[PDB]
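Take a look at this single chain, the form deposited without this ligand, given in structure tokens.
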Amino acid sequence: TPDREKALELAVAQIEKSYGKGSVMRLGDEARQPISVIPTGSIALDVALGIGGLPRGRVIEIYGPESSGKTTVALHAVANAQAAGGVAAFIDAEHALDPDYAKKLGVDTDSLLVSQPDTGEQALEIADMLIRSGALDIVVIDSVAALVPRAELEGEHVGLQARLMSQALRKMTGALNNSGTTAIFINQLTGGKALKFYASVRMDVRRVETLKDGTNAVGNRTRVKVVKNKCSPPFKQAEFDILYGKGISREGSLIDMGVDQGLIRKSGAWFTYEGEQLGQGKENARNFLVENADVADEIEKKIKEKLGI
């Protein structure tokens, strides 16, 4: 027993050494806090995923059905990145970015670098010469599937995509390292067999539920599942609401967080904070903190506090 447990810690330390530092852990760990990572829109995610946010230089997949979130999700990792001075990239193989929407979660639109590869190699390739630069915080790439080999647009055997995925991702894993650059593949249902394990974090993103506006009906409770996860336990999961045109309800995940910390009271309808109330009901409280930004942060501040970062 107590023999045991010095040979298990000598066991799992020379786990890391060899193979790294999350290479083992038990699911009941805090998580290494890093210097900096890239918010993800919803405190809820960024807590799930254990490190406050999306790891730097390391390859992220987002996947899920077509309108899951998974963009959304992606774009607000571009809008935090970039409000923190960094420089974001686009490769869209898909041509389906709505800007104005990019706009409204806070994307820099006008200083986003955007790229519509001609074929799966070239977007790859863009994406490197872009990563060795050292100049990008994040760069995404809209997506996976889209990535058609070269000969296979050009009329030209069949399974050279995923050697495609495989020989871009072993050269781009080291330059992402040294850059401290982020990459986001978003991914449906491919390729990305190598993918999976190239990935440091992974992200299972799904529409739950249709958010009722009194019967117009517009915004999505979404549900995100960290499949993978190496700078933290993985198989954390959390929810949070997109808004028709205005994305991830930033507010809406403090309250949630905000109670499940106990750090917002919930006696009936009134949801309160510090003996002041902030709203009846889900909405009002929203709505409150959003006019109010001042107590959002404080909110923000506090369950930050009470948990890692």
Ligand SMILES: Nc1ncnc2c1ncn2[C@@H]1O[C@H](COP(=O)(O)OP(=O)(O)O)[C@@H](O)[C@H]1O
Second form
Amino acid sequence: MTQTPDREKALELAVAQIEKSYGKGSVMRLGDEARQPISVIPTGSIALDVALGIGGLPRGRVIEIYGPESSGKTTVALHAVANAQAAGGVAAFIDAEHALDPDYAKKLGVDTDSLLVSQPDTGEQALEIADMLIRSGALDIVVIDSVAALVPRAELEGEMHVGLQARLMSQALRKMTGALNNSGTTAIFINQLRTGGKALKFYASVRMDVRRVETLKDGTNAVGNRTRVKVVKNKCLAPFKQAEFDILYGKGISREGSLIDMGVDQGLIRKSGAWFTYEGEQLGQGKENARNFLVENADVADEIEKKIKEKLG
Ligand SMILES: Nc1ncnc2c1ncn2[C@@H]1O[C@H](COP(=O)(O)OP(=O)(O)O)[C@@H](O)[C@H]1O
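Coords for the form solved in complex with this ligand, given the form deposited without this ligand:
The next block holds the full complex; its first chain is the one shown before.
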């Protein structure tokens, strides 16, 4: 039947009720841009920050970073940690893999000395400790390394059953979800591929798919490798956005390198072939020089960063 005006009316009302009883973010249009809160934890790559839509990681909720080994999950999470602290925030790290390397964490900008770390005996304990730290309203971010490592007690006592982690995670997340929103702490769950992921998948508000694309070099061996993140689930902004960035060996995420890609992909930075220029002056010849350039001249590096945030949000 013929209709159009009164139609978009009924739809506008529909969406309203939806969000009125299931939360603002229940339904969305990939095209929308709406929402932009006060607090956000920058990830260390503006490319990933815009892919998130709100300029960083959500607050007061659960986030899931999954992907194979050596993809970039830990790096990305450690940067989120460094930032949280730099804004006068306190971070906790529930380790069940015993793989954390403080030196690297330091080169990323993590205040290790202040870093609350814990290594529980069982899965319950981990989550139980995590919940407790959260309810203190003192934690800003708490990152749990490996969902696949949180083995339940029973299995660890030889008194082994079916899907104990599943039941384990589910009960946990039920309680942790609320306690997080009431506090404002964002919890990061690292998930190594190849678990009790079933629940995490639904409880999570943001889900990032992290994979390594190609191990970049510079005519030399290899200063790192290019990483791609896909936000497969984002209850705070239109989903299915992706982002790529370089992670240098022993260095972490290259902010500058990201400022240059977003730099061209937005007009602010020009490329007269091999040559990267900005507002009349030349940054360098070849991305690596431009990178080395921006890392030296902090001043200009921040000028370019601002112009993108104002250009988008
Ligand atoms: N101690 C370290 N020294 C140097 N590079 C590291 C170190 N830890 C991590 N990395 C870098 O991070 C990449 C991915 O590993 P990591 O950050 O631990 O994430 P994940 O293993 O969860 O994908 C590595 O290939 C490497 O480039």
